[PDB]
Structures are given as C-alpha cells and as structure tokens.
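Chemist: Since chain K is already given, all that's left is putting chains I, s, D, M, H, L and J with the ligands on it; use the hints.
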Amino acid sequence: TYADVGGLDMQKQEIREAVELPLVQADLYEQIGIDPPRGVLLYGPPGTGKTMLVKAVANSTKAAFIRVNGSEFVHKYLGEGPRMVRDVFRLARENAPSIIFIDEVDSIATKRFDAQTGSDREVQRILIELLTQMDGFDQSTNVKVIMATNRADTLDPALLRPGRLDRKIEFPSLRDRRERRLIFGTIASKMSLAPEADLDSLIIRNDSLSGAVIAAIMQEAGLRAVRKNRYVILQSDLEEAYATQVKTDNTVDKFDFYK
Amino acid sequence: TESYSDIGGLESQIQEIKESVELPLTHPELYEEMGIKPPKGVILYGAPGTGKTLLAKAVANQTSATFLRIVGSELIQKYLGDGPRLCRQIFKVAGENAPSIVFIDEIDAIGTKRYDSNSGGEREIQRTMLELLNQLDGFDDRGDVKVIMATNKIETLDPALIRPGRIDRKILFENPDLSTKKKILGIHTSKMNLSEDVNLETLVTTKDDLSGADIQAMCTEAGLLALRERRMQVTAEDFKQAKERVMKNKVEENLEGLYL
Amino acid sequence: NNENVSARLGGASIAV
Amino acid sequence: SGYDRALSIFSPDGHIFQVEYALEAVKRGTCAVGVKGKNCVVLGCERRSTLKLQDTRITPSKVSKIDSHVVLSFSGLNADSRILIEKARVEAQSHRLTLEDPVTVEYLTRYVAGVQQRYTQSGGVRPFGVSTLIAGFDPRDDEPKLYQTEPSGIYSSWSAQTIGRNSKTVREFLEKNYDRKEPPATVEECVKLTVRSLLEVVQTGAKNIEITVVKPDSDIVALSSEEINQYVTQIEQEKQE
Amino acid sequence: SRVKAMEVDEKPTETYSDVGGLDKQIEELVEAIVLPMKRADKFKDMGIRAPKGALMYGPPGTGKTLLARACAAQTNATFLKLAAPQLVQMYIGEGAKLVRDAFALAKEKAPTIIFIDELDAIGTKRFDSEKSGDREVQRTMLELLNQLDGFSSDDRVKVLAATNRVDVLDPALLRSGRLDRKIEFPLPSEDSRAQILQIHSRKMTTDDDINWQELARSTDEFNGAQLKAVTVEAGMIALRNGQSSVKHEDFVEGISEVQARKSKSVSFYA
Amino acid sequence: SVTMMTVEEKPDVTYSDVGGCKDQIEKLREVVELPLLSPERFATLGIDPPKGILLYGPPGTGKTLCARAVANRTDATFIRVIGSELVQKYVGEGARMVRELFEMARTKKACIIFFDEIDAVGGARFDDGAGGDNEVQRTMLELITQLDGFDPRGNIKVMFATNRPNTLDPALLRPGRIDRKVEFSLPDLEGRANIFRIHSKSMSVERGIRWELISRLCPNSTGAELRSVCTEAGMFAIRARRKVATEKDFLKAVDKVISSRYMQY
Amino acid sequence: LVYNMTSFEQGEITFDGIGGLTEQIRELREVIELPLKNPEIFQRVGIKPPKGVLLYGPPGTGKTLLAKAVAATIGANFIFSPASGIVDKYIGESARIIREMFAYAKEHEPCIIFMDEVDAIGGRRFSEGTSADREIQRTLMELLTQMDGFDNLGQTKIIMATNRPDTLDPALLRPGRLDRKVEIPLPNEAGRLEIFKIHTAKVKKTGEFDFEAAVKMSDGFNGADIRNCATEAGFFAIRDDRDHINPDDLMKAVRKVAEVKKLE
Amino acid sequence: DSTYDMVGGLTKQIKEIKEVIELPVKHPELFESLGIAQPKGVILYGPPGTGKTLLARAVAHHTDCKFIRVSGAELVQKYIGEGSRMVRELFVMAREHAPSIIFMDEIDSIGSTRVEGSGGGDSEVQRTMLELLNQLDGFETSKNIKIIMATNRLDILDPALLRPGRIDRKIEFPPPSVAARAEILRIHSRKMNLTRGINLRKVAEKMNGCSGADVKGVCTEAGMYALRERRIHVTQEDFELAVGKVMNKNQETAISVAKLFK
Ligand SMILES: Nc1ncnc2c1ncn2[C@@H]1O[C@H](COP(=O)(O)OP(=O)(O)OP(=O)(O)O)[C@@H](O)[C@H]1O
Ligand SMILES: Nc1ncnc2c1ncn2[C@@H]1O[C@H](COP(=O)(O)OP(=O)(O)OP(=O)(O)O)[C@@H](O)[C@H]1O
Ligand SMILES: Nc1ncnc2c1ncn2[C@@H]1O[C@H](COP(=O)(O)OP(=O)(O)OP(=O)(O)O)[C@@H](O)[C@H]1O
Ligand SMILES: Nc1ncnc2c1ncn2[C@@H]1O[C@H](COP(=O)(O)OP(=O)(O)OP(=O)(O)O)[C@@H](O)[C@H]1O
Ligand SMILES: Nc1ncnc2c1ncn2[C@@H]1O[C@H](COP(=O)(O)OP(=O)(O)O)[C@@H](O)[C@H]1O
Ligand SMILES: Nc1ncnc2c1ncn2[C@@H]1O[C@H](COP(=O)(O)OP(=O)(O)O)[C@@H](O)[C@H]1O
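So the sequence lines, in the order shown, correspond to chains K, I, s, D, M, H, L and J.
For any residue, its number in the entry's author numbering is found by taking its place in the first sequence, counting from 1, and adding 169.
For any residue, its number in the entry's author numbering is found by taking its place in the second sequence, counting from 1, and adding 177.
For any residue, its number in the entry's author numbering is found by taking its place in the third sequence, counting from 1, and adding 111.
For any residue, its number in the entry's author numbering is found by taking its place in the fourth sequence, counting from 1, and adding 1.
For any residue, its number in the entry's author numbering is found by taking its place in the fifth sequence, counting from 1, and adding 164.
With the entry's author numbering applied, the sixth sequence covers 194 to 452, 461 to 466.
For any residue, its number in the entry's author numbering is found by taking its place in the seventh sequence, counting from 1, and adding 165.
For any residue, its number in the entry's author numbering is found by taking its place in the eighth sequence, counting from 1, and adding 143.
One chain only, chain K, in its complex shape:
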C-alpha cells in the first residue's frame, strides 16, 4: 500500500488526485466548468517503483480495476486483438466508474514506421484500436487509464497529447540520496534487525540503486543469517550483501567485450 511505499513523496500525490478525487469530488471541477483528464503515463527505468504504486491504488480505489500487460493483446489469428481491446473498454464503461492499468506498452506504443510486413503492420492497428476509442465519436466520462513503461521517448506523439494523456509523470534516477536513506529505514523497520545497525554507513556510498535491488540485498542478507540456524536478527557483517549486490562484476560482456 501507500505506507508500504518509501520515497515517492512527490509522485504519490498526482495520481491519488487524478484518480480518486474526481469520483469523490467532481462537481467542483465543473464548478469551474472544465472537463477533467482521462489518461496518465508512468515512465522511468525499472526498479524505480512504478508497478507497485497502482497496486497500492488497487487496495484503495472503491472502483473497478483491470490488469492487462501489453503482451497479452496479440494472438496468431488477426482481427481478434482489437475486438479483445474493444471488449475491454466496453467492460469498463459498463462497470463504471472504472479505470484500467497496463504494465507495459513498449511492445505496442511505438513510432508507427513505414511497414512492409504483416507482423509490423498488425501491431499498428492494435494501437489504432486504442486511439479510435480514447478519442473518437463515442467517448465517456468514467474511464481513466494508467499506462506504464520502463521508458517513454519513442511511442508515437499521436498518443501523447491532451485528451489522451493529460498528466504524465517522471520517476527518479538511481543516484539520489534522500530517498535512499528513506527506503532502508522503511524496509528494515518492517521487521526486526540488530542494534549494531550500520545503515548510516551504506547510504553514503556513491553507488546507484533502485527499489528492486534493495529488496534483493535486504532479503538475501536476511537469507544468510536465517540460514545460520538463527532466529531473527541480521548481523552487522552483511558486508557480503552489498558487495554481493555488484552485478557489473558478473557481466563478462561488461568486462572483456568492447576491448
């Protein structure tokens, strides 16, 4: 949930008002008289903590909710992809007010080059199944979309405009110390650790990190000690762990490849 998430002090706010506030408070939007937004987009590299935030929103929405990752769309028999896509948006407006989540679209949301194939030509019209729905003759005022991607600079601009994605949001990089101190305190505090607590010795390091690697180090450090016929606590000799979270050394193609 929200409290289970660490340092999203900024990003956490924009969606819990772009999703929850309207259905709870919409008369005040039109008390001005404007149309609120419909779509957003969450672009940042992996492990930066995006796919889990919606799962927090899933716990607290009091609406419907749908999970479709981008690879689920395609099949071998053409024509059925889009009707599956049409089956979605009709299901949404039916069980309204509802919203939708996608965990990846870079297999779909692309630049629409000049195709000369069936594969590269059939993927495109899938994308067209979205555009003719998200803004065509038949639209509505209950659906909202939560896109997602590990990166967003290639998917076509025709998808990127207002009416479609009124509020897209960034994510931090992996070298920003403030939240790093906030995550270790978060994750570690959820369980019981040692008094010898050299965690203000690890944050200071220059290394770049995600929210995913942190789940690795603090778990596999919880592995080595629990493996020691012990009961709870994790010894301050987890120096194995941090250095065990050095995957660049485990990449010979990052060791003896270009030279």
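The hints are simulated quantities; they were obtained by calculation from the structure and are not laboratory data.
Treat each hint with caution, since some may be false.
One side of the interface only, derived from the structure: several residues of chain L facing chain s at Cβ under 7 Å [claimed, not checked]:
1) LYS254
2) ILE256
3) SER296
4) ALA297
Using N, Cα and C, we set each Cβ at its ideal position, and we do this for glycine too.
Modeler: Just chains I, s, D, M, H, L and J with the ligands now, kept in the frame of chain K:
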C-alpha cells in the same frame, strides 16, 4: 448503362474488345471464312484513372447477350471447401445461359504467385485459383463464354493463367497523350456554357502529368467554383485555378534536373 | 444426426 | 532474375543489361538533332528556360567544339559527358603534334568509342551515361558527315538523327521529309528543315533553343536569338490556318 | 473394424537375403532386442532393466519400412505392422480402443514384436489449435507402454518405431525406462552402396564384365530408393534399343536420367 | 457417386497434332500402352514396369492434351480426379472419395486414371508439420498408404501433372509412390515448324510462305503462344478486310504476343 | 492428465540412492524444505520464502533426477516446459503457453516447474531481425510479469535448468529472485565408485569390482556412461551365457564405450 | 454531441465540405440543370490534435442524413473472406436510406500500400471497397452515397483511394495561426469563471504553432493550478506558466550532438 460516344480517346485499345465480343455475335462468318475461331479471353492492364471498368460497362449496354457482375473477392468463402465449387457453378450456368460473358475485377486479390505459405487460410484461395484453371482450359472445352478480367498491377502478379488457352490479348492503358486530351475534354464539357473563353489547346498540355479521370473533377470543380461567384456559366480562369489545385501533388521532379 | 462439425473452416494467421 | 546487376555477365538470352539501361537514361535527356546539306551542316538543342536567376551573360551550351573543324553534341547527363570531351580535344591536338596533320573525323570518332568500349568491358567501372554525335568536315575537302556514338561503343554515320525526349517523333518525321532524292544545298533550308523538326518538343517556347552550323576551311558560326525569331515566324507563316 | 482387417505379415516376408550392407545396425538390434527375447531369465535373474524398445531414425529410401519386416519372420515372432494414418482418420472412437487391442493381442501369442510406421501423423508435439483431437491417442499408448514392464513383467512383447523426423515428435518418448536407444540409419558409403545395387538386379538379365565399383562412385546423395530405380530403367533402355540384357552403359545413363540432364554433349569439348 | 460422373467419354485429339515432343511421348506410352498392350516383351525378361509416372513442365507447354490424347487411343477407361472433388469440407467426406476412387479402380481391370494438378493436395507439404489439425495431411498420407507400404494393385496406370513440382512431398519421387519424372520443356525449331502446320490447316492462307523464317524469328515460346499467332495473324486481315492471309501479317502478329531496339548488334 | 506426470507427490525415488553430492542437495534443503517444514522463522522475520534457482552445467550431472526426487521428498508436482519445445513461430502463442501453466499450476494446489534448455529464452540477439527479436523479448518479458505478480503462495516453486550459463546476455535477470545459483560439479574420480555402487546393486555377479574403473571413467565423467556400461557389461556376461559378471567386462566396458563419450 | 460553434479555428475548409455534401442533397436541380457530375466523398489530412475527428462528429449534428461510422479496424476479421462480406453488407444498408454519409476515422490500418510477402485479407477487402465505390453497381451506389475519411499522413496509402473519380477533394488541416489559436481558448474557456483582468492574445503569440488540442490541455491544466488552492477563479500568470512548461518537454529530446555533418 453508359454507351460509346462517351470516351472518344481509346481507339487503338478499343478495336479488340470489338473483335472479341461485340462483333462475333454479329458476323462470325468472317472468322470462319479464314477457318478461325475468336479469342476466349481478354485482360486489361492497370495504370489507374484511365477507364478500364468504364469500357466493360459500355459493351454491356449493347451486347444482346447475358452479362455478369463479379469482383475478385466474391469468389472466396469461409467454410474452406465451398469456394471452388462456386466457380464451377458460375461457368456451367453461363453455358446453360450461353452465349454469355463474365467480368472478374481486381483479381489481384486472387491472383498471386504460389507463395507456399504456412497460414491455413491463404491455401484455400490457391485451390480456388486452381479449379478456375482446371475449369477454364483444364481438360475439356467450355463453349462461347468470354472473360473480360481487369486489374491495376500485373508486373509481378497473375502468374500462369495469363497465357493463351485462357487469355489471348492484353490491352493496356496509361495516362493519355496530348492528342487524346483534346477530344476527351469535349466529352464532359458538352453540356456547359463556355461563355467565350475556350483556348483549350493550351489549357491541356504536356507536362500536365495528369490522368484521364481527373479532368472531370477539374470540369466539375470549376462550375461550382464559379457558382459560388453567382455566375453559373464559365470562363477560362475558372479552370486555371482548378488545374493549379488538382495537379499539385501528383509528382515532383526534385530528383530530375540532373540529366542536363 | 446433428453432429455438424465446425468444418475446419480456415482463418488467417500472422507469420514469424 | 539477378542477371542485370553487373557488366561482366550474360543473361541467357545472350545480352548484357547495364549497357542498354543507359539507353533508358539517355532517353530522359534533351534533344540533339543534326543534318548535313550538300555543303553545310547544322546542329540543334532543346535548351531550357528554367528560371530568371541564371546569368543571361552566360547561357549554357550543350555544344562544345574540340578543334576548328569539328564539333560535338550530346544528351544524357553532363558530368560523364564533360570527360570524354576533354579526352577528345586533347587527343586531336596530339595528332596535330605527332603527325603534323589534322584529324580525319573517323579517327576521332573511334577514340571516343574506344573508351566507351573499355569503360563497360573491364568491371570496377560504370559506363558513360551519354550518347553523342560528331559533326564537321574533313580537311581539304567539302565532304559532309556526322557520326553517332553510344555507350555500347559503336559508331555509325547517319545523315539525320536525334537523341532524347520524343526522338521517336522526330526520327520518323525527317524520314517523311528529308531524303537523299533531294539533298539540301545551303543553310536557310537545312535550318528551315531543322527548326520545324524541334517543334514536337518545344511547345512554342523560343527562349528554349540554340543552334549552330559549319564551314569548310576550318571555320564555324554560331547564331543569335532574333536570327531564329524570324525563323520562328516563316515556319509559322505557312501555318496560317 | 480394422483390427480383424489388419493381420500379421509373418507369412510373406523378404527372407533377409534381400537386404544389403548394414553390418552393424542389425547387429546392434539383435544384441539389444532379440537375444533378450530368448533370455528373459537373466534380465530378470541377473537383475537388469531390459531394453523395453528402440527407435530408428533416418531419411527416406533407406530401409526403415523394410528392415522391420525381415527381423520378424527371421525369428518367428508375430506382430502387426501399424499405420498412424488409419488411426488418425475421421474415425475417433477407435484410435484408443485399437491401440488397447493392439498390445492386448500381442501380449497373447507371446513372444512377439510390434512395429509402427512413420510418426509424422502421431508424433504430435504441437500445442496448436486443439490438442484433444489426439492427446487421447498417445496417452493410451503411453499407458499401454507402461503395461509392458515395471513390476518384473517379462511380457515378451517388444516395440519398435520408424520415422524420418527425430525432432518434431513428442519429447516424452525419449524418456528413461520407456526407451533410450535411437538408431541412426546413415547414408551409405561406396562399399555399402554396391551390395544394394546387385541385389535389386539379380532377377534381371545381365553380363558378367561389369565393374560395379565406379557406378557406386557416380552415386552420392543416393541410396536404396534412388538406386533400384536406375536398376530399373536400364532394362527400360534395353528394349527401346532392343537388347536382351543390360550393359554398363545402360546403368550409367540411368544416372543421367534420374535428374533429366540431357546435356548438349558436344559443346566445344573434345 | 460423383466419381462416377467424372469420366472422359471420348474427346477428339490425336498424336498427329503434337509436334516437338516427339520423344517425350516415347517415355509416356512406354509405361501405359505396353504393360496394357504388349506385356510379353518385358515378361521375356520378367521384371516390374514402373507404375505411377508423372510429368512436370512450364505452363502452356502442352501436357493436358496428351493426357486426353491418350484417352481415345487406348479404348480403355479414362478417369479424371479433378480438383474441387478431393478437398470438400466435413472431414471424412473428403478423404473417403479417394478411398472410393481407387475402389472403383481396384474392382475394374484395364484401367488408368488422371490427377489434374496435384499441386493442390500433394503440393501441400506440411508447413513444418504445423497445425494441430491438418485436413490435407490426413488425405495425402492415405494414398501413399494406398500406394506405398504394400501394393495397391498390379494392373492400373497412373499419371499426375504439375505446373510446379517443388511443392509436393519428397515421398513422391520414390518407387511405388512415383517412378518417372518426365519433363516437358520448350521446343526447338524442328518442333515448332511442326506445330505451326497443324494450327494452319484450317486457315485460309495462300502459299508463298516459309515458316523457317518465322521460327528463327520466334524465340523461346510455348506451344500455346504459337496458336495465338495464328489467331491475330489471321485477324489483322479482317480489320483490313481481306479474304486471305499474307506472310507479312504474321510478322506483325508475332511482335505482339511475345511483347526501343538493340542497335548494338 | 494432459501435460506431465506430476509424480502424485509420493512416487518415492531415492534422492540418496545416488552418487551425487551432499553439499548441493543440502544447499537446496534450505530454500525448499526449511520453510515448508519450518515457517516459524521466515514468519518471525517476515521475509517471504525464496524465488527459484538455477542449476547450470552440462549433462551427466543428473541435474533433473535430483529435482523430481527432492520434490518427491516434500511431495510437489513435477512437470516440464522445455523451451526448445515451447517456441512457436506465431506472434503470440509462445506467451500463451506461459500463461496456461502458471494458471494450471495454480489449478493444482502445489506445483513446481522444471524448465530446461532455457537459453532458447535468453538469446544474444545477434541476428536482430526486429520482426522476430522484438517478439522474443515480448514472450520473455511476459514471463517476468507472469511469474511474480500477485502470487503470494508458498507452494508454487520454480526451477530453471540452463546448460551453457552466461550465453544469455540480453538480460541476466539477476536482481531479486534466483536466491541461489548452485555451483554444479562434475563426477569426480572419487565419485565413480560412489556412482558404480548405485547401479551395480540389484545384481548377482560375483562382485564385479575394480580400481581400474575411475581411470576408465576418467574424462567419461557422465552418469549416462555408468548407466550404459552397467548395461552393456551386463550384455557381455550373457554374450557367452555366463552366470555372473567378471570385473574385466567393466574394465572392458568403460574403456571401450567412453570412446563415443569422448570423441562425439 | 458537439456543434459548429465549437470547431472554430477556420472557415475555409468547412466552407468546402458542404460545398459537396449539403448542396447535392438539398439542391441538385441546379446541378442537374447544369447537369455535369456528382462530386462524391472527401478526405482530410493533417497532423494529430488538430480537429479532424471533431468536425466529423459536429457534421452529424448538422446533417439531416444518416451518418454511419466505422472506428479503427472493426472490419479486419479472423476468418477469411467475410471482411469483404462485412463491407458489401454495409453499403446495401446505406442505399436503403438513399441520403447516407459514411465515415471511417482512419485508413492507414487498412488502406496501406500493397505488397505480396505479407498482408492478406486486409489487402483484399480494400480491393473490393475500391470496387464498390466506382464499379458497375457502384455507379448505382455512386448516386447519393458520400464518404469521409480522416488519415494522418497520406503518402503511405495507395493513390487508388485518393484517386479522383471518388475522392474529389483533399483537404489540409494544418496547425493554426495566432488568431485561430487565440479564439479556441475562448471556446474551451467561456465556461470557466469571470476571469479577472485578462488578455489571451498576448499568450497565443507566445506559443507559436504547435497544435490545437494542446490548447485544451493548458486551459484545463491552468484551472487545476487554481483548483488545488481552492482558488476557484483564474489567473493570468498561470497561463504563460503552463504553456511555457508543457511544450518544454516536447523540446527536450529534440536535441542531439551526433553531427557527422554541418
Ligand atoms: N475517356 C474517358 N471519358 C470519361 N471518363 C473517363 C475516361 N477515361 C477515364 N475516365 C474516368 O475514369 C474512371 C474509371 O477509372 P478506371 O476505369 O481505372 O476504374 P477501375 O476500372 O475501377 O480502375 P481503378 O480501380 O484503377 O479506378 C471513371 O470514373 C471515369 O470518370
Ligand atoms: N539396406 C537396404 N537393402 C536393400 N534395399 C534397400 C536398403 N535400404 C533401402 N533399400 C530400398 O529402399 C526402399 C525401402 O525404403 P523404406 O521403405 O525402408 O523407407 P520408407 O519407409 O519408404 O521411408 P518413409 O517411411 O519416409 O516413406 C526399397 O525400395 C528398398 O529396396
Ligand atoms: N505441341 C502442341 N501443339 C498444339 N498445341 C499445343 C502444343 N503444346 C501446347 N499447346 C497448346 O497449349 C494449350 C494447353 O496447355 P497445357 O494445358 O498443356 O499447359 P499446362 O501447363 O497444362 O497448363 P495448366 O498447368 O494450367 O494445366 C492448348 O490449348 C494447346 O493449344
Ligand atoms: N480547432 C479545434 N476546435 C475544437 N477542438 C479542438 C480543436 N483542435 C483540437 N481540438 C481538440 O482536440 C481533440 C481532437 O483531436 P483530433 O480530432 O485533431 O485528433 P484525431 O483526428 O481524433 O486523431 P485520430 O482521428 O487520428 O485518432 C478534441 O478533444 C478537441 O476538442
Ligand atoms: N520504494 C520501494 N520500496 C520497496 N520496493 C520497491 C520500491 N520501489 C521498487 N521496489 C521493488 O521494485 C519492483 C518493481 O519494479 P518496476 O520498476 O515497477 O518494474 P516494472 O515497472 O517493469 O513492473 C517491485 O517488485 C518492488 O519490490
Ligand atoms: N550423480 C549421478 N549418479 C548416478 N547416475 C547419474 C548421476 N547423474 C546422472 N546420472 C544418470 O544420468 C541420467 C540423468 O541424465 P542427466 O544428466 O540428468 O540429463 P540432463 O542433464 O539433461 O537432465 C540418470 O538416468 C542417471 O542414470
């Protein structure tokens, strides 16, 4: 429904279908006098906006025989084994209704190379392209039913059916020359006023790399473009603004100007 | 005997 | 197929391809006509009136003489035409050097084709996307002659010929009018023969033409823009109706 | 009904003087499948998991459908020679009932062998449009295979299978216990090619002054199917020219007529 | 039932009206007629003739006429197993016909059949064996199950046809399955000169003609582009309104059907 | 059944009637058996139980016999998904199969996977045909999200067997799961008689012992070698209809059949 | 639905649409008196977020004819040779109601240029609607049916579609001028509030020609920078704030220092 006296241009092209279809019903004693029987088959190349379908519907106006209506995609079916029956249906009934004509159009939908695919559906057309062959020349003669097939591009398509036994002449069309643009223009414009400005032998000219169909757009786009000026009848400069428009995005010779 | 099979009635299929 | 992407292989019909594809390039170029009278030669061109920013102080020129008794005209593309013009005029002045004697026109014409034969035979090379023709007089005689050349490397001797856009209209035209039963004599009919020949292409633009003629005794003379403008009219003067 | 319509081919058989070459392949087989059929005791008494079956894979025209006919009458072990297609045809309520009857009878008449055709129609690895069209087929053969042994059976029924493709099949048959001995039929070397050539020709009238050797040398990418056919058409040439025999020439022009070369034959050579 | 309908019933065509293929018949009637006419000469050596021959060639090369020319000659049952009669839907209704097809043939003696354009069903080589259900796979494996594995029959002659041989299986080059691969291919001059004459019998031309000019003037061409000549050549006189043909007329008839000049020769 | 055996959780092959290892098998004892035995600690720490493992190395090691065997000790359902036999040329339908099994595994209450030859997933992408290689990640990427989404179960374990480790470098998929990656051995010369003691049992052979077997087993250190030598050495005492093995057939067997096990 | 007061931004285009649509329906007698032709359907190309689809929902509000729609790729289908059936069963539903406009939002999924290595059923059902528009019976269908299609970039397609005889006009919807950009603010603002001492042309002239739909984003977003603070009313500096922002990121990835040239 249309007729002759509505084309003007195609003369080197039109004498054949006359020799294939319109004539032999009249004076077949010509062909036998030599000891000869006319073609069983015709085809028409593409180069669009040049009057292919127009020609076919003309002869329907005066043929004194049964005439048919097919586009290449009515043949295909869904149940995977009923398509090719449908082809034998249309040819036997034509014999029952002989003397008859057919017209299969845009058959690039059907006619393709033996692509040797892996799909499961693209096979059931190749068989459907094949009973035709086995029907049309095949094993046994069929009588006096004639084909007038059409397309828009053939330079890599229509593999094997294009041969004698099945088709005998290959008329081709292109964008006309300067000489034909004269008389063809008189066709459409022979109901309007043409107040005094005619000058037509400079209006149309070479380097107007246009079609034989766009002209009627130019003809009609002008009249209303004069109507909106509250002038029903027409002058020249009505047409000048039009030709400025419709020609604009046909071609651009930016890669030319090198062969100095 | 209305065991009307689906006829194996084809359908396209994307490649590769 | 694949038989047409080189110069050193034969299709099973026996004919190479990259050469006669050049004949499709030269078809995309401007006209170049030539005629010989009884005692004078002429030459034409489908000059362009492109735009009002080329310097009128220097009009372009298809024609380019190599010596005072020979000229040359072409069509196709100009870059690959600039070379052999310079390998020609070089070769002529050498023949004056070594032999103390000008060039017989046939000798010249077999040098330009003597390079269009190697520039297709030995690979590692592209041909000259150009056809040309030669015109002039032999020294010490009035014998008129013009020769044609083409990137296959062969030399013929037409009496009248053209190259490029709508040449097919013209090479049939002069056959209908020009003929050896009555060879012309002097300039004003060889030109009155020619200026009308251009008209299949010129679409009535007289800022789109140039012309030259030939002398005996190693001379030439160019021609003006009004000195055709009258000839624009006598040829139209017959076209009363 | 097909099981009654199907019958053992034990009575007419090649008699095994007709196969040529293949020194070690059959010696592998007899050492692996035949000797145990007559020493069921030791491979229960010495204590060892006997070879339950075996597989032969190799390209066409090579002696797959043949060799399985030799070994049976050689050893007096009845069988049936099966057909994946006639299982797979539009009849559906028999593909399982048949194969159940298959080992049922072969269990009787013991000791016996059983053999199947190309597995092109029942390899059936594919999870494509509908699996249940055929998964009830193999699974009974699997269970029917499991009937063969596992609790010290010594049922004396043994199984073999031939197929070109050793890759498209279900990868649930190479498993241990069920079978582990896949046999390659290599394409032949020259000393192996020639015995194939005599043996399809002894019925034919010939002379004695042939050297069969280089005729093998002229043949590579060929084996038995490609071989007897030229052994045929030589005689076919013998009549159009009118001979009463076949000469060395007639064989070699057979080669030139496998693929219809029809050379110019005088093109500036000498 | 329907199989009983498809029967030749005597079309009129000889071997006099076929030309340059003067030897390629000598392979074809070597297997059909003689085992059905003169089996004793093989029997004097006592061997198995081939059965299940084939022919492949380019289109319009002149193969179907032979397949019916052999019909009236033999005075024996000719059978046409044509397309659109083997791949009907409702599986079981498709492949039963081929079973019933041979069954008529297994009953009757002195019998030969014809499969027009096998590229439909035999040509359907399994696309890497893909497809959880392949309706043509099952019905192709039956006839090889009819013809290979064990003997179908002893006296029945079979001929296939193909505009495009590379499609069908590698199992149809193999004895029992298939024996011969005849190849009809393009003529030469002395063949063409005997294909013109037959198509010009009816024609009302007057002599003063030397087709030796024409064959030297008509390069690589089919046996059907050489009749179309005779149409258009005879036709130009008609729009020009003459009661007889010329030779020069052919010279501008030839120019079309085959279809700016190679001045470098 | 449709797909795989599933072992009915009790078909009890001996994970110790084997000449394998003690360290590795005890390394696996941690990640599987300890939680399913003893949840009182992972609960006490709150760490979720582990996420799968890799077992590299080429065959002969027995990197599939232990797997279903220890699974038989705990009693889960053992199945397959050989990536060589999962790829399909069509655009989707390689990922559908992934989606069936994570679902169908959960149709059963416990279930564990044995993927093998998974380099078919993890390819270097040296061809770079974007019509294809754009899809290769598409089906692969679906695995990453189909595998750890909402599944908070302690029953659905994962295994991936991968000969040729580190051939994959499109993505090493390191962070998070794969809580172990066992340093697989080969059969050491000491382990030979540890192995020959396995298959030799259930035989009456006058012993058939020797120290000339590891020297024979030198460089033929693959379990199939010993399975097959005991096979064919069993076929030589019957070559003369004898009653019991002689150890010379073993010294003959491994010497004369590891030949194919060393040249090809 | 929406209306013509809302599609402001232009008049020259829209004044050319009912040049072909409204006149033949209401008044063909002059055009039959003049008696020349019958100009059929229209295409309108332009970049996205410009008002293409918007004009096409309005027109239905102001038509009096029946107005059939097909959204993106609901004609391409799984089984074979019924996509065509899905077409020819369309137009027959039109001719029942002789005045019948149709609409298809996008064609670049269907009507892309044809090849042989791939593209099957779609390149077939295009090859029969192309027949239905101008064939024998199409001459019958050619009487009263009118067509509108709204691509994004037309070089992709065949010429046969946009070939005249059936497509007599090819309209451009370019991104606007200052006054065009300036007004549609009001068309997305008049609901808002008594905006306090404000100009809106001084800000449009700041934002050069980007698109139209973007302007719907600044106005809705500007109120949102006022919505957070319970500031129901609207500011000036919130506008040139937002418009100066939301296009910055659009001008963020355009930079590159490859520079293998000059
Ligand atoms: N000589 C002519 N006189 C009048 N109209 C002409 C003439 N030539 C062409 N056209 C116009 O061209 C159009 C027909 O084009 P065409 O015959 O190419 O259609 P088609 O047969 O379907 O081929 P395509 O699919 O390429 O349009 C007609 O609508 C007609 O207005
Ligand atoms: N070793 C051999 N000795 C004698 N003849 C052989 C031998 N190998 C192959 N042949 C010849 O090859 C043919 C038998 O091949 P076989 O039937 O075994 O393959 P197949 O079953 O046709 O292959 P497929 O199952 O792919 O059709 C016979 O004509 C036989 O004479
Ligand atoms: N030698 C010949 N003499 C006369 N006509 C010939 C000859 N060869 C070919 N033809 C002509 O060819 C036509 C038949 O061609 P044929 O059917 O043999 O080609 P095909 O490859 O079988 O065509 P398909 O493959 O479509 O069946 C006949 O109309 C016939 O006039
Ligand atoms: N000039 C304008 N007048 C009114 N609304 C406009 C204008 N320009 C943009 N819009 C707004 O932009 C959206 C319309 O986008 P537009 O129709 O240009 O894209 P589209 O054509 O629907 O894209 P596609 O059809 O390719 O999916 C609507 O929300 C509309 O309110
Ligand atoms: N702030 C955080 N606290 C704890 N775990 C985090 C945090 N951010 C990310 N993670 C971990 O990273 C994973 C999410 O990866 P993510 O970048 O969302 O991949 P994707 O977006 O492709 O699904 C989660 O499983 C979670 O364990
Ligand atoms: N450590 C071992 N001890 C005894 N036998 C073994 C051992 N490892 C493998 N084997 C033998 O090899 C077979 C397993 O092959 P294996 O190497 O697991 O194939 P893969 O590596 O492809 O899973 C078993 O049937 C067993 O008889």
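Chemist: All hints are to be evaluated individually against the structure, with a verdict given for each.
Modeler: Hint-by-hint comparison with the structure:
no., hint, verdict
1, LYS254, "holds (6 Å)"
2, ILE256, "holds (5 Å)"
3, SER296, "holds (6 Å)"
4, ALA297, "holds (6 Å)"
Hint compliance for this structure: no hint is broken.
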